[PDB]
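To begin, one chain is listed below as structure tokens, in the form deposited in one PDB entry.
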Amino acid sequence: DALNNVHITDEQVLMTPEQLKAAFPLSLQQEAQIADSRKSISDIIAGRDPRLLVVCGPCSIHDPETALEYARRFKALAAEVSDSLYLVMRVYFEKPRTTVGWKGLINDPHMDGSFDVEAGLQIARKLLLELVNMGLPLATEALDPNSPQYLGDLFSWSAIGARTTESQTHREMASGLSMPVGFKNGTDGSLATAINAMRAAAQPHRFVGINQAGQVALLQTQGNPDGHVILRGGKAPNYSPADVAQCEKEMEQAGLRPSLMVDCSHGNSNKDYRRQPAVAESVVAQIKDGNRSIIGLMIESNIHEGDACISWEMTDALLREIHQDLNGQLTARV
């Protein structure tokens, strides 16, 4: 053709969500465990559970074995602290916002720039199934309408940022996701985008995505009742008590019940791993001081540091310190 596919040499129909799930299905036990973790995170966000939601893990998943080692250490740490903190392992296969670099375990699993999406999807789903069998709740970030259909049944929490809310085809996708959702503030620091997205997510909507057969589809949503804001900083950090108070005020003026998670990383640490514990400790001080809107923390943490990810030893010490400082000023708030 003179106009169509002039610069396309080949086209290959991808494996569908149907086929991926049939090749790597969930067991009844795994399904029940995931539903229960989603319910627990919903209860925490809604204030019915006193514990603090801690989404912690690597900046981006590198390979299955390292992720499993981190998961072993993380589950070990979580069993000791779960009476005050609900640890959820973030499994991000890719990093937002790059013109450059490795495309991640799903797109380039062989790590040679070959773009083998189909093998990456199977590797990722197998790894996620293994993580679920370890008893770990998993956290993701929604960046497109396709990956929820392939892998969303394995996650208990999702972050929503500008890649969703600034599209028009699927800006309302959060209202149709089966998991609790946290809405990141604007890159400039605007809370309005996150607040509007959180309010809209509780309502029925329609968006363009795919069906289980990999076909472009129009989806009608029911509304997602489990939403909260994520404070991740803008040009300047926004975790301070004054910024938290401003967030609570803007949420209350929107008619929402103030519920927010503090990202200790990117915009509140300014890309430096050394600042994350300071943000976490400021949040702990605020919770001690009768703050009730802060429902969770986000922490970027690898086995080693240096990346804005803190080392595993720092993560262990920090989570233990938070648990010791958060004695029962969290049962105080139910």
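What we label the rigid core is the largest C-alpha set whose atoms superpose within 1.5 Å from one form to the other. Numbering follows the first chain given and starts at 1. First, how it differs from the form deposited in another entry.
- The one residue among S167, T187, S178, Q122 whose Cα position changes by 2 Å or more between the two forms, with the core held fixed by superposition, is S167.
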Second form
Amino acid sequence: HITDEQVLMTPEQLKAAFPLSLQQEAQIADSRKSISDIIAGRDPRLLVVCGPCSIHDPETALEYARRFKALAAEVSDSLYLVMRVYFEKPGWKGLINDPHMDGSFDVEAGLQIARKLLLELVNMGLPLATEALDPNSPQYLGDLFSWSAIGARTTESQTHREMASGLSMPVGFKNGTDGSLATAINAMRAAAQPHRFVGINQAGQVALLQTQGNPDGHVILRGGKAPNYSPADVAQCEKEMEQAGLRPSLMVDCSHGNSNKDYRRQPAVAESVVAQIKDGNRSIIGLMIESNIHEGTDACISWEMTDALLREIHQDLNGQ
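Having seen the form deposited in one PDB entry, the form deposited in another entry:
Here you get just the chain by itself.
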């Protein structure tokens, strides 16, 4: 049986408690537009989604964000840095479903703390990236992010392509865990179309939502059974995107698939992408980097390696 039934704080109440200013909303809109122009090929800068493997402390996230902002101010001519703020990953639930780390599962406090942290990060003038797992979480925090990613077992799910068609931000779809590009391509094509699904409204009520569709989409080359960052795999992805009637636009993830979840191989992947760009590649739009304060249960690279790698990429991409 069900014993207690206590209403959760609605997205309206949450956004009223922790509100965006008009300036911050304009900044988020500008960053969304810039990322979408990068994806579309109208902006020469390379998109770089980089950040912690997962966020489980606001103070660690703020220190990483200060270092990240200081670095972005120095590589802003060639690279466009976006910080991924990943709370819940697909034990402990990750600061939103359990902010007290004691199984209490205080979801109201978790939502408030996450929104406060994201508001502080946006106030620093930092575009944010996320990976939507809960289809209803973009109703609570989606107004704070400038870029979203759709996952492996999440891409083929139709609920998530509908939610992606409902999102307001540029969006990258990851290929299949078996390396299937067709799933990502089809999710990208379907997210560009209007959709009608069952979600929640801003009053926290179950509702029927209608979506125009998301025209700002791209593929995330994540690697499956084998890495797919080589020029041959990139050309095959371009071929499949052209056959599907889409403009070749892909982001290479230096993380889990293309490095076998090993930290030492991420800079090599980034350097291969840079070399491909030097040889005239036109489809590679961005990179994805998992990087925490220290090296080392995901294998995220150290901050010293992140600084060195982004400096090398910035220094090598000058001619273009």
